[PDB]
Structure formats: C-alpha cells, structure tokens
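Use these hints to put chain B with the ligands onto chain A, whose structure you have.
2 protein chains.
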Amino acid sequence: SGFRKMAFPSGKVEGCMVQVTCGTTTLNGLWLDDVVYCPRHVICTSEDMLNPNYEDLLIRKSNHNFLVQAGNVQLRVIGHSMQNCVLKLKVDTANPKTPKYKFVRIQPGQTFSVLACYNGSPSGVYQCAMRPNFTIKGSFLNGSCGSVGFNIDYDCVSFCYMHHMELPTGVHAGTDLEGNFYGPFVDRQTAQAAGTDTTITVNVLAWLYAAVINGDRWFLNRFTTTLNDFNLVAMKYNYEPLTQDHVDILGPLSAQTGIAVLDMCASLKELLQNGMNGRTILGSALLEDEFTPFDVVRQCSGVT
Amino acid sequence: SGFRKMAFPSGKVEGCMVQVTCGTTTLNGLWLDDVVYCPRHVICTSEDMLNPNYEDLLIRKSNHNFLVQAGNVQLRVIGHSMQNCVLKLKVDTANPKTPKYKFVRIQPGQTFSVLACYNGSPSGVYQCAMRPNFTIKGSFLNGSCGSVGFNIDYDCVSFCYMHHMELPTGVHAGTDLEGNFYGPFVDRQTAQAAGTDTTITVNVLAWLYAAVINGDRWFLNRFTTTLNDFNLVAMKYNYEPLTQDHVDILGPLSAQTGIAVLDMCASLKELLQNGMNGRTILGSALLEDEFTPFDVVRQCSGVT
Ligand SMILES: Cn1c(=O)[nH]c2cncc(NC(=O)[C@@H]3CCOc4ccc(Cl)cc43)c21
Ligand SMILES: Cn1c(=O)[nH]c2cncc(NC(=O)[C@@H]3CCOc4ccc(Cl)cc43)c21
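Listed in order, the protein sequences are those of chains A and B.
The opening residue of the first sequence carries number 3264 in the UniProt record's numbering; numbering runs sequentially from there.
The opening residue of the second sequence carries number 3264 in the UniProt record's numbering; numbering runs sequentially from there.
The following block holds chain A by itself, in its conformation from the complex:
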C-alpha cells in the first residue's frame, strides 16, 4: 500500500549520458549505439539564440568542433547531421551500455521519467507528464539541456523527450528523439507563451482509483453521471473532455475496485464543485493528474 509519484529506475539511461560541448556551450547528449543525440542549439552562443539560422551556423562547425565526453574519456566524432532540432553526432565507438531502445512520440497526458543531467552527469530523476498544452513542468537549470524523458517496458527504454528550453513562465519545452518539438515551440530566444494547461481528466480518475485501492475512500459518493453531463462540468473546470476511449482504458481499474467509471466521474464532479474541504486524497490537497491508468496498474501490481 501507499502510492507515490514514482519514476522508472534510471540506470539504463545513466549509462547513456554524455557531455557535448561546441565552442563555449556545453550541454548533455544521449549516446545510443554509435550516435550521440543532442539539442542543435549546442552550436549557438547566447547572442545567436535571439535569431539563429541553424543551417548557417552549422556550416561553420566541423566534426572536431563537437567535443563528446563519456565519463572522463573523449569520444571521436566521425560525422554530424541535423535532424529537425537535434544533432546526431556519429562517434567511432558504440556505447557498450546501450540498452534495448525505441524512440517514441508521446501524446499529451502521457507520463515519463526525466533524468536531469549537468555536464553529462546525472543529478536526479523525477516523473512528469506531457501537458495538454505540450509543455512539461520539470526541474531544469542552465546546463540541463539534452536531459531525456523516457519510459521502460521491462528491458526496453522508450525515449520520448529531450529537454531544450525554458519559457518565461518557468515551464519547459522540448522535442522527441527525432528532434520534433512537442507543441508549437521553437528553439529561439523569443516570446513564446503556453496555451491553457488543462487537467488530464483520465489521469485524475486513475489516481482516484489508486486512492480507493489504497484505502482513501472518503470522496466516494452515492451518485453517477454520463459522459456528456460530466464533460459539461469538466469544461467549466478546465479539465480535458473524457471520451469512451478513456472509459475503456480505465476498465481494469473499474474491475479491480468494483466502481463503475461513470460513478468515479460523478465523485470527481462533486470534488470539483465542492472542493476538498481541507481534506486530502493520497496525501494531496489537489487532484493529481500525472499518473496515467497504466502507471496506476503498474504501481498497484509491481511490474519490474
């Protein structure tokens, strides 16, 4: 029992982190096989960030201008290419610690672990979610660019995020491992504002199921609702609309607890309208939305 914001064990990803320096900019890179992936803004000075022409800036860089260091040993760069907003630096040595891996582009609402790094060295691991406005709320200081987000399915690491930027509001933006930004963000030091950060309804419901599984049951009410009635309330509270696909996904948690998905929706509807009244659910005074239904099943079943 007990339910925590849990990240995946980070060992498989720690074995992939390297330091990439180009000129006076140093950030992190991800070394998989004989390729090192890193944000293309490693080639920029602080002044270039204002209006960078990456293709033009890249012309002035050769393989020897990218310094890749794995631990305290230097890697030989034998090729470099730009793919969207990431650089792929081909090195002469395959990473001996390369885990089984995939590159996946996640959808909003999906969660992942982040291994925050500085100078190619891991500082910490935390869990976050791709927000509905395609930002993530992370913990990243200067030098953290190139840190990655991932999920693990047994022994296969699915890399979904690479950190690139912090917006003026303190939220974060980045790309998948093909270098495509999540959302409309661009790697330029220009005013970019995020859209509405709506609550991930299906994740809140999954977390209310986790609360029932762990004994926090005070919020269960005598009501039910329909998807349409619930969504009228969800719209009002800046919650994402719940679909029949989300109801299907919650099926196993509904089966485990015996609480119909629409009954849990009615409980959530009353929590939105009435508030918590100074009470907590799983140690939280707000409705947590960064646990997916899959995370709840995994944590409540002990998948390793």
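If you're looking for bench data, these hints aren't it; they were derived computationally from the structure.
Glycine included, C-beta positions come from ideal geometry on N, C-alpha and C.
Incorrect hints may appear among the rest.
Stretch by stretch, here's where chain A covers chain B in the computed footprint (C-beta under 8 Å, at least three residues) [claimed, not checked]:
1. 3268-3274
2. 3369-3383
3. 3392-3404
4. 3433-3440
5. 3560-3566
Here are the simulated DSSO-like pairs of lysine-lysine, each with C-alpha atoms no more than 27 Å apart in a straight line [as the list claims (entries may be wrong)]:
6. A:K3400 to B:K3360
7. A:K3360 to B:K3400
8. A:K3400 to B:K3363
9. A:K3400 to A:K3365
10. B:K3360 to A:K3363
11. A:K3353 to A:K3324
Chain B with the ligands alone, transformed into the frame defined by chain A:
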C-alpha cells in the same frame, strides 16, 4: 526553474539488488562486496510472523537454504549471520558493481530515495522522508521487503533504510543497514500503531525558500516573528519545533533569497492560520515537508 520531488539516480543501487528466497518466502537483498543484506523475516512463514523467535527459527536454516539470485545467476552462500533484524549472507563472489558506500542511520526529517524492488528487480524510484514518528510513507507491495533507501554524495551511496513492514494504517517501517528499526517497531505481525505524524517545519521552510527562488512569491508577507512565537503556532498545528540549529541550516537559502529565516517563519505562520485560500505553492495545495534544506540547495544548484 521548476521544482520537483526528485530522487537520486538509481543506477548505482540497481546494480546491488538481488533476490533472496528462504523456503517459500522471497524478498529482496542488497549485495555489497561479498555480503547480501536482507530482512531476517525471509526465514518466516506467514504463520511464523505472528510470534517469531528468530534465533530459534534461524537454527533450522543452513547456508544452502538461502537462495540468492543476481539477475538470472545463482550466488553461492558460504556464511550467514543475524545482526539485529537483518541477515547478512556471505557469498563467494564480491559484487562487481559495488559502488563506494556507507551505512548511515538517519534522523527524522531526513529524506532519501527508495528503489522499490520485487524479486530482486527494480520497479521504481521515489523520494520520501523519515517521518517524526519514525515511519515512512512509501509505496510497497508484497515482495517489496528488502528494498532500500539511500542518498548519494557524488559517487558514494549512503544506505539508510531497508524496508521490512507495513503497519495496518498503510504506513511503512524498516531498519537501517545494521538491522536496527527506526522507531519502536518490531518485525512481528502484531498491532503496532504509529505516533503523531508531525510536519517537518525546517523542510517546509526550505521548500518555501525553493518557491521564492522559482518565482512563487504570493505568500510572502510584511511580518516577522521570533522562534518562541513561531513555535507556539507550530505546536498548535502539529509542526515540529524550530530550533536555532534549523535556523543555521536555512542560512544559505536565506542568503540566496535575501529573506531572513524569521521572516519566512512569519510567512509560514500566516499560511498555517489563514490557509492557502485555494492557491498553490510550487504546484501544491499543501505545505510540502519532504525536501530538506540540503535537497533545496542541491536541486536549485545542480549537484551531480
Ligand atoms: C538558461 N536556463 C536556465 O537557467 N534554466 C533553464 C532550463 N531549461 C533550459 C534553459 N535554457 C534555455 O532555455 C536556453 C537559454 C536561452 O534561450 C533559449 C532559447 C531557446 C532554446 Cl531551445 C534554449 C534556450 C535554462
Ligand atoms: C504483505 N505486504 C503487502 O501486501 N504490502 C506490503 C508492504 N510492505 C510490507 C509488507 N509485508 C509485511 O508487512 C509482512 C507481512 C506480514 O506481517 C509482517 C509483520 C512484520 C514484518 Cl517485519 C513484515 C510483515 C507488505
């Protein structure tokens, strides 16, 4: 910017986890050098747990009754001894992945990362704190016993916790790596109730400093207080008394923000008396107390 509940990178500890089975009980063990540490209740059946005489039960066990498996390979047990509530199983092979390590006994209020394991395999990593009542609020299912808590100082892992038990209220109890339980708990399936779970005041203040560093400043007020006046309020709200030692520890965060420790105490005093009024601090609707002042400095500075 951004502030997350961050765990240490778990790789160094993942390389130490093994599966220990004695008869029909399987749990986790920690393999450091040629010794495997595990909860002594691995020798008990579910029936033995009601009133176990560990010395007597241990007489019926030989080295060959302890099955230690590292990955999918078996370790040869050449000795076994009981130290308080842990068994130390000497194996014929030193763990080749043994990191630099220490065994430390933490004080209440101190935080640590937990690598939750099942069958010697890591499932997740999360951060928690030794509560003032010597329980921890973890996430542990059956089979999680032997999972460890630790801190990392650069390349040295200080192991502080080994999981042993879940109380009827869903909170957790365990020992240091010398097998001594934190608090008054015993490894017996008997009614054991926890004392008051007071709030770790010095950690809340550190987290309010983290909030100011990250731009959440709405709660800063025009007041100050004294330790004595603050503690009158802290007592009333089941907060731990703040001492001059805690004030000294917060010194570097006070220097970084320019907010005197007693001014932050007055802000916290108003938050306790007035509540949050539906507002959040660092994404939380409650006052977070599982970040120590050291955690705040480390996360806000990027120690790797
Ligand atoms: C500089 N810095 C911090 O101090 N905390 C950060 C957390 N995450 C990221 C950064 N860095 C940035 O955002 C840089 C600084 C210049 O502006 C831009 C513009 C676009 C892009 Cl892709 C990157 C950057 C951080
Ligand atoms: C069985 N079990 C779960 O299902 N979730 C658990 C989370 N953490 C621990 C356990 N296990 C226990 O607490 C066992 C079960 C029998 O009672 C006792 C009594 C003392 C001691 Cl030291 C251990 C135990 C859990």
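Okay, the hints, checked on the actual structure:
no., hint, result
1, 3268-3274, "holds (count 7)"
2, 3369-3383, "holds (count 5)"
3, 3392-3404, "holds (count 5)"
4, 3433-3440, "holds (count 3)"
5, 3560-3566, "holds (count 6)"
6, A:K3400 to B:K3360, "34 Å, violated"
7, A:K3360 to B:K3400, "34 Å, violated"
8, A:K3400 to B:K3363, "33 Å, violated"
9, A:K3400 to A:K3365, "24 Å, holds"
10, B:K3360 to A:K3363, "20 Å, holds"
11, A:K3353 to A:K3324, "14 Å, holds"
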